[PDB]
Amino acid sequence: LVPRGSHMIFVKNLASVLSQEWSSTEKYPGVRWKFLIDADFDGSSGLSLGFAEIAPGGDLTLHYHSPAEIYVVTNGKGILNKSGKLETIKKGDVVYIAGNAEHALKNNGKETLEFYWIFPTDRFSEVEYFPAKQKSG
């Protein structure tokens, strides 16, 4: 009645999701993403994954969210802000972001910064995401 087990094995790639529009927000010019493994699209559970592109100059500013997260960097170079301490990331790297850790990603290179993100959640839309500032002045 409901797919489970091997009935719910599937393969995705960007071509698979050609007819899903890129997601983006006015506040983050130069950042766009698509959802590849997500319960709002697939019915999967336990892990969710998307693919993101940060154009040159793009900036995903300091924030945090309760679940742990992984980035898998597949192209380009970026600057990871580990709550003040900067580290370069590049193709071939993976990144672990502990739960509730303040972090940000900036592309100061000339190529697009491309990466997957993964959460231990059924869907992205369950993630509670907050700006790091938590004050007005």
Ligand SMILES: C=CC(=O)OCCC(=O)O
Second form
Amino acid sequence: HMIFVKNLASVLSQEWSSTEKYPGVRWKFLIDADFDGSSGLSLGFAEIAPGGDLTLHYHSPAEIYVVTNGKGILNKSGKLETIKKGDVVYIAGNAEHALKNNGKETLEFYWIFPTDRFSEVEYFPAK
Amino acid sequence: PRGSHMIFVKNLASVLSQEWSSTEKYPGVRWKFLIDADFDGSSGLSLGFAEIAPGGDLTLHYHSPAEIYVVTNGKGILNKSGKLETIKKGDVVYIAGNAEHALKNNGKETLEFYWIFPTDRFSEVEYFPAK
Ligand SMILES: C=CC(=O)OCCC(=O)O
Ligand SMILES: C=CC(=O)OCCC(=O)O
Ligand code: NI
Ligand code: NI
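Right, and the form solved in complex with this ligand of this protein, after the form solved without this ligand?
Let's see the whole complex now, leading with the same chain.
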């Protein structure tokens, strides 16, 4: 029956994760079985630099974004909609989605998966 | 129309027509549902938004699904099954399934946060009082 609090300061020593497939995008893990032994939900924090783009993709689990700073263009399987600080996004499982930062300030958000860990979630490129 | 691959965006202004929920058991607490099968047809995860006024108290309780808090405004005291720890804007909280927990706003600003359940809908979560 664990309960714990976490913020970005708590994971300072965790190096930013990144990948060439998503330019200007980086992320850290805050609630994750591989880090904390938590289960049922897992949560990370992502930063998209201005001009950064998380390209079009999907994964089987449903997913939530909580947008904490900036603004961006969300690609909803081909339909664009602007998101910004204070928005939440629901992304059904296997729904193709993309997010690019078209602003001057950093696009920041948490993501949530109904999985114990991020590493079990399989990303696939959209057709 | 919303299908099994729905993607949508919400904020408080989106749910203006939804009345704030509250209860005398949790004085100074009110909430709305933002991502929820019963309102949106969504599944797998559900999310609401809660505000605790100064002096408000969400009292000690548990439920079988794990839960996450995303604190977005103010300062609170989290009851971690007996331990009192401060949480504030910018924190996230993980609450294991069946872990007893409470949340109190001992500050002078509104304590605001999202909660997330690994459920289709809030309505399926059974709440139990503190043992
Ligand atoms: C740093 C971001 C990342 O790994 O992507 C998470 C967001 C998503 O699943 O679309
Ligand atoms: C009425 C209380 C409420 O919705 O709180 C949700 C957070 C929790 O279940 O601890
Ligand atoms: Ni995704
Ligand atoms: Ni709870």
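So that the term is clear: the rigid core is the largest set of C-alpha atoms that superpose within 1.5 Å between two forms. Residue numbers count along the first chain shown, from 1.
- When the core is overlaid, the C-alpha of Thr25 ends up 1.2 Å from its other position between the two forms.
- Core superposition places the Cα of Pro120 0.1 Å apart between the two forms.
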